[PDB]
Structure formats: C-alpha cells, structure tokens
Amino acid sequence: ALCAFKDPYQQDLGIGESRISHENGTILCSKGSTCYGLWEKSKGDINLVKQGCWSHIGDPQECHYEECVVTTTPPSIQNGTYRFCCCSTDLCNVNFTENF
C-alpha cells in the first residue's frame, strides 16, 4: 500500500528514501504491506508521532483492518496518551478513528 509517512529520524540515514515523498508526506510500501499511524494526545492536544509501513504478507501479526481504528487495547488501555492503529488500504493511516 501507499501509506502516509512521518518519521523525523529517517532523514539521517535515508532509510527507505527512494519510496518517500517528503513533500507530500507519503511512503510507498510494497504490495501486501500495511500502514500504521501513531499519535499522542494531551489536553486535548493531538500530536502526530509517526506514520509508515507496518506488516507484510506472512509476518507474525498481519493487519486486516481496512481503516485506521483505535480500539480499547494496548497501548491506549495502559496509557491513555497513545493512539496507535494499523490498516491495510492505501492512505488509510492519514487519521485515526476511535472505536471504544
């Protein structure tokens, strides 16, 4: 999938650089690779932390949510500040939807 991309530490070594548009904020993951997004929230300031490629076909924990949904499961159920989701379709990780 094509995924939303954010990683402030990527530019140093250039990991995945040929697949990233820094201008448009995307990363082309392989076909069969899913996306993730991670946000942190406080009062109620929602900050985007990272976005990018998550799991690939055959990996131990495949993601089969089409949309980026946050459930009452870790990390949120341990610390209410994180919002993590993974999702399988193109650009699905642009934003998150709480499903509590």
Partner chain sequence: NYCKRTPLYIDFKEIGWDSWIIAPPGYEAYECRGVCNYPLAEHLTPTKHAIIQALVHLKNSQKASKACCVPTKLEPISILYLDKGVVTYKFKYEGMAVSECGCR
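Whichever C-alpha set is largest while still superposing within 1.5 Å between the two forms counts as the rigid core. Residue numbers count along the first chain shown, from 1. First, how it differs from the form solved in complex with its partner chain.
- Annotation: Cα of residue 81 displaced by less than 2 Å between these two forms, core superposition.
- Comparing the forms between these two forms, the C-alpha position of residue 46 differs by less than 2 angstroms, with the core used for superposition.
- After superposing the rigid core, the C-alpha of residue 67 moves by less than 2 Å between these two forms.
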Contents of the next structure:
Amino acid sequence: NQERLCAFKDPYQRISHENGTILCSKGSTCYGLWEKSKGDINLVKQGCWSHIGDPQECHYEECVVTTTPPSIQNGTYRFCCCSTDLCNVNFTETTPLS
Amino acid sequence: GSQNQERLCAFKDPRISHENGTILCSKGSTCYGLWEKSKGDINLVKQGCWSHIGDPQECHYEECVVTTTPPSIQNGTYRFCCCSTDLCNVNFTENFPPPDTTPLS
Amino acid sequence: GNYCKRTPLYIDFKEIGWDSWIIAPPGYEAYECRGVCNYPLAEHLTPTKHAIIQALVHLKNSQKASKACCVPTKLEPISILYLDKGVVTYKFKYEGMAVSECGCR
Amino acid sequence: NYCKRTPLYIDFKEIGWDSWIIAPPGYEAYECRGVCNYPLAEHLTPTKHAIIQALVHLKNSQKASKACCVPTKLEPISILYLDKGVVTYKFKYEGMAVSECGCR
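Next, give the form solved in complex with its partner chain, keeping in mind that what was shown is the form deposited without its partner chain.
Starting with the chain above, the whole complex follows.
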C-alpha cells in the first residue's frame, strides 16, 4: 500500500518541519483542519488520517469539505481528508449548466 | 503467620525453595496432600500449596480431612485434602458421606 | 441460530449529541457484537475457562447462572479531532472505538 | 440491579468433570449479573465502544443493544487433573474465578 506525503501542522505534536510535511504509514490518508471564524480562514492542523473506521470522507483525491460542517464552535470548522500526495495543502467546499 | 498470610506445609513434588520436605505457602495459600488408597495400601502422590483463590470449601479445615466422596476415577482411590494450619498436610483422615437413601436402598 | 458475531453499527455523532465536542469524523462504523453463546462454546468465540463453566451451569439451571455474553473481544482505534477543555486535540489512534472481534465472556 | 459480581459455586462432581479434575471438589467462580445503563460508571471500566453503544441504545433502542455485564478480570485457581492417567498439578490454572465485572 502507498505511503502518502501530506502537509503537516501541529504546534502541540517522519516529519520535515523545514518542508511542513509528514510521510504517513500505509493506508493512511492526508487531512486538514481549518476554522472559518469572524471572516477569516485559519489553519488549525494537518497530517495523517487512519484508514481504520470505514471512512468514505477520505477516498477523494482532493481535500473537499463534503458534509455540513460540525455544530462545534457555530459550524466554523472545516475538515477534509484525501488520498493523493500533498492534497491537504488547501481545501474547497444555480448549477454550472444554467 | 496470620498477619502475613504465610504457612509452612509438607512438600512432595520432585522465589520460594522447598528443601527438607517443606514449602512456604504465602498469600493465604493452604496446605494440601494427595494420596491414593486401596484398603491397607496407601501411596503419597503430591503435597504442597493450594491457592486461596476460589476459596475451596474443604481447605477451611484446620486438619487435612477428606469430606467429599472420592472421585469414581482410579477405582475411587484418590484422597485429596487441604488445610489451614502449619504442617497439617502430613496425614489425612476421612469424613465423607455415605451414598444417599433411595427406595431401592 | 443467530450465533454471536460482529454486526453493523454506524455511529453518527450528531445523533448522540457528540458533535458538540467531536470535530471529525462526523461518524464511523463502530460495529457491535450480537447473538447467542451456546454451549459448547465455539473456539472462534475465544471462550475463557470461566465462560465455559458458567455456560454449562446455565444449561443445567438457568437460575444459578446467566448465559455467557456476546461482547467485543478486540477493539480498534480511529483517528479523531475533538475539543478537550476547549483545546482542539488530534489523535491518530484513538483506541477502543471499533469492534474487530466478538466472543463469549 | 446494576452490573456487579455475585456468587457462583462450582461443584465438579455435579457438572461431571471430576472424571478428570480430581481437586478441588469445587470452588467459588462468581459471576457478573445486572444491567449496564448509560451513563456507565467508571468502576465498570467501560471501553469507549461500550459507552458509545450504551448511549446509542438510550437514544434509539432499535439501533443498538445495551452494553453487557461480563467478567473483566479472571483469576487462577489451583487444580489437580488427570491427563490419560497422569496426575498434573497446577498452582495457577488461569481464567477460572471472577475478580472484576464490567460493561463491554
């Protein structure tokens, strides 16, 4: 199975601090956590996310916030997980045909 | 002693040593013996310590007394007892029930 | 039969009201252990010696002892992001969350 | 009727096992009886899974069963048994007596 290179951020934590990366164990996906608070988007954490837990949130190649954000802190948190190298550096959230 | 839950028991079964035919039984362990007996024929099989865990009933005797009818195996020859005083397992006595009363006898 | 086995159980944290402190994931497959433990207890149910003996007592006299119970016997971690006294807390391996094995206890 | 350790005496002659176990006659095995209801008390050493399943059951009884009251710590007893005519002594025969009950 693949070892993802992922973006890494955790001030309260192999890891390249110089590149802000973590090489994850086989099966693990990348994740990121941002907080959209008072008209700002702030990076909270990034790193590795276990395959264990039947997690459909993490099969996407790109980091996409898919489920209505958690109720915690007034629905400000933005979590995604994704299955390609460095996919967790950024996130995304009438139809295109009309 | 009683405060420290140690007692000396006879030992036969070729942290604690068992020189000169005794063993120390700690943590409230009782002494036990196992003999096999057929009429006047008696053989000592094993002796030593019996854990307090499970608090078996007959290990409350101060003397080594067989109070349960022997198992049917080996022609009813086994004699196990366990007991709560020093060196109590050197000898045994029997005090086990007679078979019950049925309409046929 | 409905023998002791792992069965589906999805945990949605919003349904149990834990979305208040768990940030991610929104829920997960926890599984559960359901079904009966019948004597003789199958080897794959990893019965303990106590479970075997209790199961046999229950068969003879259901008032003396309960059946052995079908319960998780191995649990697996998930990754989690949660609030711990207002602090956002990451655990890659938050233990005890998902059933991998069921047995009779 | 909360989950707790209750007595259970095992008589080997009555269960038919003194064909092979020749000592002791029987012992105090105990058992675990009673219900596990959310919230699960810390003395029942609940697993994270048991706490979550207990809460799901309280919210929706059709979605999950209660956590189960089971032995969580077993202790060894002493035993003498026969293995094809050979007497075997074990001071610590593991898994035989309940010391702790919990919710799993």
